[PDB]
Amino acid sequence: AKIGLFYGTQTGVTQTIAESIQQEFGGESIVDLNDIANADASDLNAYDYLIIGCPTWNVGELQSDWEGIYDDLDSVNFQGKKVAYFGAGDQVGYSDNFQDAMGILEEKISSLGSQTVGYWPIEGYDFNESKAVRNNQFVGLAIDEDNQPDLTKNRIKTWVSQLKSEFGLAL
């Protein structure tokens, strides 16, 4: 596929979101769904367009599968790659750490020369601090199934439509 979606899941939520994102793009012909627990770093090298999915459920720590590959991200040539991000989190229970893991990953991958795409507005949320916020925007799509499960569908549809322009799929 044109787009490689790599996700780490903890409670299953990230996988569910990953499948919805794939569906909204057009299905398996357009987006490959890859569990990062099953991937080598070289698997990310094969895509010009990447979507990186990671939940935040333990403050200070990355999801275990992303933590295990984090140092090997250096073996990927990220130069020229367009990379989007999404994360599941709880903005009420983790108001000081909302979507931290998504921000940790974007910071690493952007430092390797990739171009972040898919910035997302913070105004639809209620939180105090986030490592994923740059210049009053999220680095990617923030999902909260605990507090805003009714918003997830239209957030994904809106974000994917925005990514199609940045990923050159728009007509």
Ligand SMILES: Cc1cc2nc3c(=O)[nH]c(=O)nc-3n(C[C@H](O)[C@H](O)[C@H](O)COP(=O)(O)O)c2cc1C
Second form
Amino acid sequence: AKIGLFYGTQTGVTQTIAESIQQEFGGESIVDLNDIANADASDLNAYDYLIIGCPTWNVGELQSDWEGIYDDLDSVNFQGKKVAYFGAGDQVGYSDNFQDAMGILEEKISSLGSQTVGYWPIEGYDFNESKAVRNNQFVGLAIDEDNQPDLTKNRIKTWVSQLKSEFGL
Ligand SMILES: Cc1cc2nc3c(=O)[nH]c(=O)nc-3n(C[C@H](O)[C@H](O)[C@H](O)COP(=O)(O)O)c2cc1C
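Could I have the structure of this protein in the form deposited with this ligand bound, to go alongside the form deposited without this ligand above?
Below is the whole assembly, all chains and molecules, this chain first.
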């Protein structure tokens, strides 16, 4: 598969989202699904297209497995890659740090030469601050299973449709 999806998860939500994204794209032959806990930073070199999934924990921190590999990201040549992002969060309980992890990863990876694609509009959300917002859009798909579980299915389908174009599908 030419698209590699790497996710990290504490309670399983981001994994569930990752599986739905893969299925939406068309399955295993279209997207490779990988838990970043089992990966090496160099594994990211194999793809032209990447999807990065990461929930925000402990008031604005990266999920643990992403935190562990964070410093090794500098060794990956992101030049020429197109990268999309998704994250799970809680806009009510963490209004001032909603989806911060997604924003932190995007900032690091884009500065290494990749092009971010898959921007998502902020309509329908209610939060005060987020490190994942640029030009009044989220840098990736913001999922909130804690407060908006009913919006998830549709958010994923719509986001994947738009991404397909960018990934030459
Ligand atoms: C103690 C705690 C701290 C959290 N901190 C944040 C946060 O800073 N920002 C945010 O958007 N969501 C935060 N959340 C919400 C989680 O990201 C959310 O529950 C998500 O679904 C967890 O995904 P996971 O199962 O993939 O780890 C927090 C959740 C808990 C229980």
